[PDB]
Every structure is written in structure tokens, then in C-alpha cells.
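Coming up is one lone chain in C-alpha cells, specifically the form deposited in one PDB entry.
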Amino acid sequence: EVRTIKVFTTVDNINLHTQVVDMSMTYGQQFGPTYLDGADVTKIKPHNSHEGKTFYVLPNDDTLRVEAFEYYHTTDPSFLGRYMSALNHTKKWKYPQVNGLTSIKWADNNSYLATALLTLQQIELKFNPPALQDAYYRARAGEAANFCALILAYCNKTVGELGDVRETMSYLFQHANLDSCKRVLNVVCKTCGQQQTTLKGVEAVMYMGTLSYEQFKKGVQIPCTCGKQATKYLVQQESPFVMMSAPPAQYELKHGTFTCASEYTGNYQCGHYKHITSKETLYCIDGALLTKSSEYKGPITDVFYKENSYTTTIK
């Protein structure tokens, strides 16, 4: 009167849970949304050949919730669904090697993801969630569908939406081990005196307002709260890299003075990112396309620099 097969369910592909399913009910009626080898089988009834196979499901009990938390480092019950929704699209993208880096061929307004992925491959960073570390290793090998889908899911963005590199890195850095990173700034006003500040973690590696790391060390003019103008400069830096960002204008990149950079062009509300990396010369990676030149000038928005330990000699 009820026929069954044995299957395995999982939210992480590591902890497998035996389930006996009724062959007259769909997987969705028994599990909720269900996937077999990436394929959506929610509307399907079980087949004899499915016996023994592993199905991804969403976490709808305490056991699966704890396992999702330990793998993704999220308590949001919608995370896996939104990740699977992104993954439906990113699994169709192509991820060619371009000058030895995994890129992404243009699809679905994904240029900001391409330059973020290329950047992550050139700065020293360790991700805390096992799912993000695991997917990053796979991305490095040219299978970046899981990693891109996770990026979208951790930024709560959907495929096709406009992405911003600065916001994207900020979300990802929040899931990286940047706790030891340290930054000390000093701000001097001719009338108010000087004020020092110490930043840790993500705030210690990102700055908004200047693209030049060397200008940041020499001092930048910023509005002072007294209404006058003041000079802010970097006193100390402890981090494996720094990310310098600014509202775009026209900026010149020169070989050997930076690690990599992002350029933003086209319609501002739905624009296009290109990646520039410094190797033996400058390479402009534009999705699957490659060009090379001695220098590069354009609307740069983010520049990444290598760092270890810096202390100023100023004052």
C-alpha cells in the first residue's frame, strides 16, 4: 500500500541523513524544495534509480539548521534557497582562465563579480565559513559557480542587479579573518588641534576618498567638523593588503605600483566593471577578454595594494 526507497538528504554535502520516501508523493510534498545533482526535482515523484542518491534540501528542522549554521555561518532560514536561486544562473556561466586567474565571461550584468573574483585571487585572505572557503578553492580551479552564488547570497543580491565592488568586498571581508588588522590615523586641523583614531578588522583595510596609498601616507584634505579643512594621514598599518576606494574620476595606473584595480564605465545606474592587474605589465581583464599595456588611465574606483607592516616617519 506504500512503496518506498531510501535516499540521503543534506544541506552541506558533508552530513548525510537517511530518509525513507513514499514513491507516490513528490519530493516537495515530503521535503520542501529538493535538488538532485543540481537539478530541481521538487515536482518529481521518486524513481527506483534514485535509491541511495543524495539530495540537497532546505533546513526545516533543528538538526539541519545547526548544520547550515556551521557550514555557511548564517542564521537566515532563506539563505540556502537564495543561494540555490543564484546558483541556477551562475552554474550556466563560463569561468575561463585569463592570465592564470579565474575570470567570468560576461553574463547577466556580472562584471562586478568578475573583478571581485579576480581581486580575491591576488590578495591574502582566509574566509571563515567552510562553505565560502571550499567554494573559493573550487573557484580558483575554474569552477566558480558555487562561489559566485554564495557572494550574491551573502550580499543578499540577486543575479542581474547592479553590483558595487566596494560594497561586495565589504560583505566578503566581514566573513574573512581580518581581526588582527590594525590601522592608526591622525587628523590635524590648524585651529582644532589633532585627533588620532584606531581602526580594527574590516575598517582597518578599507578607505573611501583616495585611490593612492602613497597620498594616504602623505595626507589628504578632508572636511573638518569645525567647518574648516583638515589633513588626515596614515600613521600605522598592519594588514596583508589595503583597499583604497574613491568616487571615480580619471586616474592613471602605472606598472608595479599597485596589485590590482577596478574601473567602472558605461551607464552609471547599470554600469560595467573592468579589472586591471599589474604583472610584468598591466593587463586589462574584461570578463573573457584580455588586453595589455604599459599604463592605464580611466575611471578607477578601487585599487588594492600589498602590505605587511607600515609605520610613518611623519612628524
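Positions refer to the first chain, counted from 1. So that the term is clear: the rigid core is the largest set of C-alpha atoms that superpose within 1.5 Å between two forms. Compared with the form deposited in another entry:
Residue 48: CA moves 2 Å or more between the two forms after rigid-core fitting. Residue 303 shows a C-alpha shift below 2 Å between the two forms [criterion: core-superposed Cα displacement of 2 Å].
Note on conformational change between the two forms: two rigid parts, with the smaller rotated by 13° relative to the larger (from C-alpha fits).
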The other form holds:
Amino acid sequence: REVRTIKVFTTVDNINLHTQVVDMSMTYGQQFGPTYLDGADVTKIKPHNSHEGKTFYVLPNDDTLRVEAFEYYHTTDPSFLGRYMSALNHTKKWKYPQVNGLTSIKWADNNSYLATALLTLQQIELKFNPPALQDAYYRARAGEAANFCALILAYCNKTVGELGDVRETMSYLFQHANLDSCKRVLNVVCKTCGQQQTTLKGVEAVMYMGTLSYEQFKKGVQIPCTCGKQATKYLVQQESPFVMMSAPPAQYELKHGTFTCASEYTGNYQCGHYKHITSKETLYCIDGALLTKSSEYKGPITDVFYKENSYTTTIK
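Can I get the form deposited in another entry as well, since the one above is the form deposited in one PDB entry?
FYI, this one's just the chain on its own, none of its partners or other molecules.
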């Protein structure tokens, strides 16, 4: 007749804890709704004695938790925490070797796009805004990247195993980074129509899709004009700590000392594999846990990152 109970804590951010007394004869789901223990779904499980004192994630189901979840993650997508937990149940089992001084990811679960994204982040100046990403990225740099990788999957609405694109993944991460001071001025010149200047800010100031070469972007790239002519677009002014140049995969030569790092994609629109190339004392190719070196590199490159501070054109 005596209900037997244990004390547990619920949370949405793993920092602020909420004391609960749970009935050991009812499932966690009957008492909390969807409930997770370090990523594992315990909604249909009844409390174990070993659960006493442990922390469980729940969905934001009252106003206090709604505020805590938004302040930590900067999202109000109702499915976010469930997707973060579902990914974490996988990423906590991945291995994160140090390769040439950087945290990589041993290949598992079709994660090569995440490995090259993680390697790239550690080579560019970037600060995240959500505390969740600040905290997880700090841990990832130290070598414990499971929470960071699960957050990337959640913020990008990708599940473990799903085909991912590096450019799109970086776009999501940059949306949650402080790029407010970044600025880009472009000029587009048509022999018929004249010239038109455009200013871009934030994420749009550091990403370009169409050519891999920063030098070519400075000299001019050809794009369509609405009048039918081919116009020339070139970079007038750049203020940012890096730039990212992207293009559909094509054979491309990477020259030591002319770029920071790059992503290589081998395959087709439905199926493929990413590798990472970093330019240090030589060219290192990081493929998850694997490492090779070369003095020259040619391959199907999709994204190239360059160092920057301030650039102003000499084109009149």
C-alpha cells in the first residue's frame, strides 16, 4: 500500500535541475512525458534503483523549462530536444581521436561530413551565441565532442546516418555564431547596364557559392545579367576573420600556403564521402581517424576556407 519512490532530477539544459519524486510503479513517460537518460529514451521504462539522484532530460513542458530551453539552445522547435537526445545516443559511442593536433571523428554512421566540419571549425575564428554550443564546442576542442556533434545534427535537422552537405552545415552553424561585424562589398559590372554595388553583412558576408578561388573572386567572376549579357562580379571590400568559398565538386588543385583548409567530396548527388585537407607545414589530408600527407593536392573540392582581416580592391 506504500508507494515506493526515488528522487531524480529533470532538466532541459543539464545545468538547472528540478527535483522530482517518481513512483517506481509507473513509467517515466507516465510521469514526465518523453524522458531521456544520457540520450537513451526511457519513456517506456520504470525507474531503477540505480536511477536515484540521476539527471533526466525532459521536453520543455512548463514555462520555467520553456525559458530555460530557449536561453540555452536559442530555438523553440518543439522536437529539438528529442532530436538532440536521439543523436546523442549515437554520438556518445563515437570516438574522437586527436589528429595532427585537432579533434577529429573516427568514421561511423556516415559521419564524414561532420568530421570535416568539426576540423574546419578548429581552424577559423568563430564564437557561438547559444550557451549550448559554447559549452559543447569547448568540450569538443578538449576532445569530448559527442554533445557538440549531436547539437550540430539537431540544429541542422539531420538524423544520424543521413546524407549531409558541408556548406549547408556550416551555414546553420554560422547562423548561431557572432558574425555581426563581418562586411562584404561587391560590384557587378555589365557592359550594357552599368555597375551596381551591393553590401552584405553577417553570414552572407563570409560565404560565397560559385567559385572555390578567393583570388578569382577578387579579379572577377562571370554571372548572368538580367539583360542577357554576362556580367562580372568582384570583391570590393572584405572585413572578416575568414572567408568560405564553395562550389559544386570539381577537380581542383590546392596549393600549400594559399588557403587554410578545404573539404573534398567523392561521389554523386545521392551518395559520397568527404575528406578534409589542411595546409600547415605541408598538406595534410584528414579522413576521420586517418591521416596522409603530400606536397601537392588535386581532388574534387567543394569548399575552401581562407584567412582574412581587411581587404580593399585596387580595381577602379
